[PDB]
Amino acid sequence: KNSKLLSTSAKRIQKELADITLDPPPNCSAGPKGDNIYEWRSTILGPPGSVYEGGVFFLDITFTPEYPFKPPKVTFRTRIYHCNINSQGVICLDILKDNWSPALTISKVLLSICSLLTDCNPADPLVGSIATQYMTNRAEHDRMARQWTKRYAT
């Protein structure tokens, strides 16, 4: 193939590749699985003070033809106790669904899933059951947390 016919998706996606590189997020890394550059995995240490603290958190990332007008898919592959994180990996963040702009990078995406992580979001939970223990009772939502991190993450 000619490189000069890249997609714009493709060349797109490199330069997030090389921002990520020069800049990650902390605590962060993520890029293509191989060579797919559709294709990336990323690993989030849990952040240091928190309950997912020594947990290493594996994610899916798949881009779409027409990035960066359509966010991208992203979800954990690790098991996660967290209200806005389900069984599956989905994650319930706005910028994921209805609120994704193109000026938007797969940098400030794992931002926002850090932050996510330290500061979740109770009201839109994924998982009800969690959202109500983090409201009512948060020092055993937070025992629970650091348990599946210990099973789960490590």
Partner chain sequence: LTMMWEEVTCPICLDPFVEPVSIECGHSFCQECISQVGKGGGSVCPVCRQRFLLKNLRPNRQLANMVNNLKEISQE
The other form holds:
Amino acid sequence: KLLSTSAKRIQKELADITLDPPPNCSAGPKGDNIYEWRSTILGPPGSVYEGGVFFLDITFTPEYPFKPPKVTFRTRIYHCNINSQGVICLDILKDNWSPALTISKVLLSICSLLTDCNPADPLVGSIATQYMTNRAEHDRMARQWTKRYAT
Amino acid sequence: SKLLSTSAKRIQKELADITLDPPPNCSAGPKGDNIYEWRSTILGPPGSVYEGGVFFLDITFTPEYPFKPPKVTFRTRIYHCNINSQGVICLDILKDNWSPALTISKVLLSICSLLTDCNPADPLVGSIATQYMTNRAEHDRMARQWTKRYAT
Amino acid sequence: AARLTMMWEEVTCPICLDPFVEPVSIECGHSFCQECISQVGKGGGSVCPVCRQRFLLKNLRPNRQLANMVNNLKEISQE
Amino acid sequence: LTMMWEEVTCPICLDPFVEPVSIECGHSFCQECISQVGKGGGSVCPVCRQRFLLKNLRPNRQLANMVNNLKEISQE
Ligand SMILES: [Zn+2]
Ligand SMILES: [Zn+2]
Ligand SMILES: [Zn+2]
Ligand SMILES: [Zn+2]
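Could the form solved in complex with the partner chain be shown next, to go alongside the form deposited without the partner chain?
To see the whole picture, the full complex is given below, headed by that same chain.
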């Protein structure tokens, strides 16, 4: 019954995300497998990521929505909460997950993370230290990485 | 004062419902301007010993209604183990089994059911209760007789 | 419609017979207006007006789903 | 009537309530949905993250009756 419960919702979310997708976001299955998804987040307007197209890998479990989905970046980004591989340090993807949260709400939180990073809980210490000491140099590094890797 | 507006608002709702959808063989409404003081007219249940009688009742609400029950007394003499010479009704919901979910319509249906099927268990008139269980035919003759004399 | 009177049924308070104001539930699951059930609850060894199951005044829970629907039905009554 | 389906939907399965029961904070869920969450150690409300026990569950009949009232209308 594990698989039928998870599959039934994921199906409900796939209908809603297509009808009413989050602003600057797009998400759907890579193929026949409903558990393995491909998404696209456009860099928030006004942010250092402005004009970039960033791809993500959403891997659901048969225990969804009781356990969170595995959301990882492919695309390189200059962000204190996103490391070299593409691991996202977001509270709701780890120890602060609730079964009331959808994939639409998880995409909007990533867009808020891109707009306003959290240097208090850094996954890349060097970038966090830069965002607080030298803001201008942090923004110059993030725009060069967005132009190079996200275009 | 807020007590008065709440009870009033509830008595108002019930006056509309008891007029629209009165209980079978019952009728009531206010005696006058005073929404707290009502009078009611019950017909003796069909099939019962009270069949063919017309009984009057005095309903009196308090500003604490519906949290406290209303005062309902008989003004028409009846031969009943649960109704005394002073018209006092021995009914659970008028005493320690009152519920604020109960309406004066549901009170009246219970009085109709009390008339149809009396409770000799707890009798306000021990005499009549003893007779109902020992000599039923004589009880019924007296109830049929009392109904003709006082309720016609 | 004719079929919305059954919905007003579900959002009516058993004590005041008006639509729920600050709908709260007690131990048994039955819902009332906070002010209506607090009047019952003050009076000593209180019991539920629907099922006569005991209830404690201090065990009240907001039933927000009902309050939302009260307004959803009020919006319809204007048309 | 889309907004009314709104109020009878369970936050966990996103389908109309099935044995709707409430928890300490007042939020309501399907008996099966909130019970599945109750088997995970420190059980906390999926809506407001307030702490909850399964012993303290209350039936929300009014909502179950409302689900039937809306299902009769959807036939149309
Ligand atoms: Zn009330
Ligand atoms: Zn109850
Ligand atoms: Zn559910
Ligand atoms: Zn809650």
